[PDB]
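Take these sequences, add in the hints, and give me the full structure.
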Amino acid sequence: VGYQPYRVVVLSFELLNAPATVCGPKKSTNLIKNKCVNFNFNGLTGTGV
Amino acid sequence: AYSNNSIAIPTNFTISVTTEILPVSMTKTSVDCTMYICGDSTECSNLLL
Ligand SMILES: *[C@@H]1O[C@H](CO)[C@@H](O)[C@H](O)[C@H]1NC(C)=O
Ligand SMILES: *[C@@H]1O[C@H](CO)[C@@H](O)[C@H](O)[C@H]1NC(C)=O
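Chains as they are written, first to last, in PDB author numbering: chain C, 499 to 547; chain A, 698 to 746.
Please keep in mind that the hints were generated in silico from the structure rather than gathered at the bench.
Among the clues, some could well be false.
Stated by the list, open to error - A few chain A residues that face chain C, going by a derived Cβ cut-off under 10 Å, partial list only:
#1 716
#2 720
#3 738
As the list claims (entries may be wrong) - Below, computed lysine to any residue pairings styled on SDA-like, alpha-carbon distance capped at 20 Å:
#4 C:533 to A:738
#5 C:533 to A:727
#6 C:531 to A:738
#7 C:531 to A:707
#8 C:525 to C:539
#9 C:524 to C:511
Unchecked claim - Some chain A residues well away from chain C (every beta-carbon gap over 12 Å; in silico):
#10 700
#11 706
#12 710
#13 717
#14 719
#15 745
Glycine residues also receive a C-beta, built at the ideal position from the N, C-alpha and C atoms.
This is the structure:
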């Protein structure tokens with residue numbers, strides 16, 4: 499070990515505000531409004547109405 | 698024109714009206730301790746405690 503090959507993959511991320519192309523496996527719930535809730539829009543979280 | 702035996706006595710007069718402006722009070726303000734710093738976030742409020 500030390501003279502054996504290693505396969506290296508490095509991923510570079512780019513958040514931006516353009517439409518998302520790669521996403522996590524999270525499941526999407528239905529949308530509600532007129533109510534103080536916790537939301538998650540394309541990875542952007544927060545709390546509000 | 699100073700002299701040791703000379704005086705000046707006014708004969709007429711003028712009635713003048715002047716203006717003076719003085720600030721008395723300023724606007725009263727209030728600040729929310731938590732909603733300015735950690736607005737709508739339970740984690741940040743817990744840290745602020
Ligand atoms: C001051 O008054 C005297 C008189 O008492 C006069 O002789 C003298 O000239 C006066 N002084 C001046 C500078 O005029
Ligand atoms: C004082 O001034 C007023 C305004 O100019 C004038 O009408 C009046 O005659 C004057 N008085 C005297 C005593 O000069």
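These are the hints, each one checked on the structure:
The beta carbon of residue 716 of chain A is not positioned within 10 Å of any beta carbon in chain C (closest approach about 51 Å), and the interface hint is therefore violated. For residue 720 of chain A, the suggested interface contact is broken, since its CB lies about 40 Å from the closest CB of chain C, more than 10 Å. Here the hint on residue 738 of chain A is kept, as its CB sits about 7 Å from the closest CB of chain C, short of 10 Å. At roughly 16 Å between alpha-carbon atoms, residue 533 of chain C and residue 738 of chain A fall within 20 Å of each other, so this suggested pair holds.
Distance restraint check for residue 533 of chain C and residue 727 of chain A: the Cα-Cα separation of roughly 27 Å exceeds the 20 Å cut-off, and the hinted pair is therefore not satisfied. For the hint linking residue 531 of chain C to residue 738 of chain A, the alpha-carbon distance of about 19 Å falls within 20 Å, and the restraint holds. Under the criterion of a C-alpha separation no larger than 20 Å, the hint pairing residue 531 of chain C with residue 707 of chain A is inconsistent with the structure, at around 84 Å. As the CA atoms of residue 525 of chain C and residue 539 of chain C are separated by approximately 12 Å, the hinted pair is consistent with the 20 Å bound.
Restraint check: the Cα-Cα separation between residue 524 of chain C and residue 511 of chain C comes to about 18 Å, which is no more than 20 Å; the hinted pair holds. Interface exclusion of residue 700 of chain A from chain C stands, the closest Cβ pair being 86 Å apart, more than 12 Å. The beta carbon of residue 706 of chain A sits about 81 Å from the closest Cβ of chain C, which is more than 12 Å, so the claim that it is off the interface holds. Remark: the non-interface label on residue 710 of chain A is consistent with the geometry, its nearest Cβ contact in chain C lying 71 Å away (cut-off 12 Å).
Under the 12 Å C-beta cut-off, the non-interface status given to residue 717 of chain A relative to chain C holds; the minimum distance is some 51 Å. At roughly 45 Å, the least C-beta separation between residue 719 of chain A and chain C is larger than 12 Å, which holds for a residue marked as non-interface. Every C-beta of chain C lies more than 12 Å from that of residue 745 of chain A, the closest at about 15 Å, which supports listing it as non-interface.
Against the hints set out earlier in the document, violations occur for numbers 1, 2, 5, 7.
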